[PDB]
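Consider the single chain below, provided in structure tokens and representing the form deposited without the named molecule.
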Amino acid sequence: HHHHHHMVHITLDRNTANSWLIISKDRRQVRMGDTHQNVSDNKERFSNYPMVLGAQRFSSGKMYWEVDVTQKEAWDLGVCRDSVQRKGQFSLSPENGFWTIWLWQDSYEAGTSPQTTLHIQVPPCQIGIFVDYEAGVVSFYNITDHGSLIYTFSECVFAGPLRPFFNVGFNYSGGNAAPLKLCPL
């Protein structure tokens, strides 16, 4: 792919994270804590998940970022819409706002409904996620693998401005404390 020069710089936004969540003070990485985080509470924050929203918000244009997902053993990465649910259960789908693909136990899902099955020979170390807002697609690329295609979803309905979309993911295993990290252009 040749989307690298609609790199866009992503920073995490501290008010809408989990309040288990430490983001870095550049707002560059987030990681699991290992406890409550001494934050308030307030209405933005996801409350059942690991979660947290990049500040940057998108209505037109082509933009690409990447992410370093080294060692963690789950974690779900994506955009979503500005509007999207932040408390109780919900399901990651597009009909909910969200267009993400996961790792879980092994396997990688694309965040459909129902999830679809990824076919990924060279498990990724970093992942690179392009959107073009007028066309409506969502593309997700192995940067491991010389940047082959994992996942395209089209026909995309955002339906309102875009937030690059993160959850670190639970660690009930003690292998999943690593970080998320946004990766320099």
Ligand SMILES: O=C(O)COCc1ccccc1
The other form holds:
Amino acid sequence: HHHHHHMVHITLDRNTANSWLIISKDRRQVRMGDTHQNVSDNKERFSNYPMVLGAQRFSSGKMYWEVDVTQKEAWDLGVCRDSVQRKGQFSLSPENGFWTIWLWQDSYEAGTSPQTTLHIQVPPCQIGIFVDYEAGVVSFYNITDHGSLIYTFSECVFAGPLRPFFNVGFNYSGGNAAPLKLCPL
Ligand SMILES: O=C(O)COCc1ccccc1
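Return the form deposited with the named molecule bound of this protein as a structure block, the form deposited without the named molecule having already been given.
Up next: the whole complex, starting with the chain shown before.
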């Protein structure tokens, strides 16, 4: 792909983080802690899952960023509406305001309803995410495999401002402690 010139500098919004997340000083890395991180509750925080939003809001244009997923067993990445549900149980789907892919149990899937099997020959260490607001497109790229396409959501109905979306996943196994990291431009 040739989307690199739409690179945007994403930072994480502490206020939206699940209370077990640890966000680095530079707001570019997140991992799930082994306990509650001693923050107050608020209506923005994802309560049920180890999720956090980027601070940036997008309502027009083309945007691109990259995320490092090295050594993780489970994660979700993409974009979501600013107005997504924060509290209780929900599925990641475009009907609920999410445009995402994930790794889970050694398979990759797109967050359609129902979910769609992805075909990845080279497990990615970094993921590129491209959003074209006007076109209604969200695309995912395998940076480890020379930028090969992973998945395109088209005919997207954003229906509001978009925010970068992250889930570091649980660490029941002891093998999923590693952070998600926003990679330099
Ligand atoms: O099972 C665990 O590792 C943590 O449980 C508490 C919790 C933390 C974050 C989100 C939901 C529940």
